[PDB]
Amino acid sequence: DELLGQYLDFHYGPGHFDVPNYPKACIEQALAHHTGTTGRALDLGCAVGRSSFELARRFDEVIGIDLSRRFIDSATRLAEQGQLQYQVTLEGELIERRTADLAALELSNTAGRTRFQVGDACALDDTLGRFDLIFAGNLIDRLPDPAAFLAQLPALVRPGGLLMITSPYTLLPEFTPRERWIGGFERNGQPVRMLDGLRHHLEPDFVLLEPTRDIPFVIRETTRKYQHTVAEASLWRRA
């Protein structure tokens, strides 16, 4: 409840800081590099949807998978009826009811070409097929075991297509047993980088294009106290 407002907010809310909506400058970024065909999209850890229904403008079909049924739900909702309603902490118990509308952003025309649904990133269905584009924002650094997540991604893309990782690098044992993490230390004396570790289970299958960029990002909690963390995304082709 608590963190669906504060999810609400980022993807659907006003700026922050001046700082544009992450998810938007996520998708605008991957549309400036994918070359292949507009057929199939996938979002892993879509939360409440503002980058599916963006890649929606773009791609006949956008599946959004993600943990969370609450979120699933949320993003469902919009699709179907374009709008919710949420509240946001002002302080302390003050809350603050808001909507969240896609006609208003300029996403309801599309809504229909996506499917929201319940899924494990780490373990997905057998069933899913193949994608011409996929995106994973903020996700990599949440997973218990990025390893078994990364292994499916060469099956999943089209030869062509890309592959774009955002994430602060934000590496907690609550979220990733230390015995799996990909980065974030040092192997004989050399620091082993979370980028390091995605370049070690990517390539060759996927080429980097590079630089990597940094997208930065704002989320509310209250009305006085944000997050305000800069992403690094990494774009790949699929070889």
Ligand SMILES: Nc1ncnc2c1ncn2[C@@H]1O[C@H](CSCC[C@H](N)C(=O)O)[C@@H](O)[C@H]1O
Given for the second form:
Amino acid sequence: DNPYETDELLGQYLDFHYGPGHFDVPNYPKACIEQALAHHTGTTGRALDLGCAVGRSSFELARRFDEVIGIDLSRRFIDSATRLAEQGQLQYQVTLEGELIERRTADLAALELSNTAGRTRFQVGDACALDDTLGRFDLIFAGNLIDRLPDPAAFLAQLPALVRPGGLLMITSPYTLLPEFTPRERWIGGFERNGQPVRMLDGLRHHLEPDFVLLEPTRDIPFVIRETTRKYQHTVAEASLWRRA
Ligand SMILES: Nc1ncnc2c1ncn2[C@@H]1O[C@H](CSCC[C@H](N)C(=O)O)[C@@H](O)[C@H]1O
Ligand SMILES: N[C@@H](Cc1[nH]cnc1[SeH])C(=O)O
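Next block: the form solved in complex with S-adenosyl-L-homocysteine, after the form solved without S-adenosyl-L-homocysteine:
Full assembly next; the chain just shown is listed first.
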């Protein structure tokens, strides 16, 4: 039932996280973490990467944080991230055209990520119901996650307790709201209420303030996902950075 446990998605996401770029758009997980690191003014002991997929943002965070925990619900994704952490490389297939496929390599050494791979730990888990043993963090990253969760409010309700005061929360999303992933009654934005628009960002503020303070302004970060030799997604996420009060 989970698309994120399929070979189709594995090949998209291993290319997206570790492959060459497309249309001269920079690697997206790396671009996201560059922005988080440019704004984090706290200590660098511990970061949490929620919805980490096959782990590029977690390895990027590990260049600066002593410990990085990456959590994703997809076991196929997490098994790839762990293999990269432990062996430094893996191979995968991408679609060329129809059934014609091509084998490719992901390599942490080539990306200058192998030296700190030991600072990562990857686990399967549900971001809407995180273990109560997880502790708290100096920095939390949730990339392209909130529009893929069935209970966004339940996810957000954990975050004040998960971030130390003075720490940083970074959420990015293109707000691709879909009933397949979020029941309409659980949307926190993307609709009209009492005849006025409620944007997803308004929903984020309602749930996070004043425990977090939004660093203004929000920023657009684009990304490209390769599906075949010829077909790509090209999308503009909104990044919002939040300081814990
Ligand atoms: N309940 C849940 N708990 C944890 N991860 C979840 C989840 N529902 C979906 N996900 C994960 O959220 C991700 C959405 S796509 C974004 C992946 C990655 N952060 C990137 O920016 O490229 C997928 O990896 C999916 O497996
Ligand atoms: N289309 C991709 C990228 C993404 N992630 C969250 N929203 C979007 Se659009 C996916 O569904 O994983």
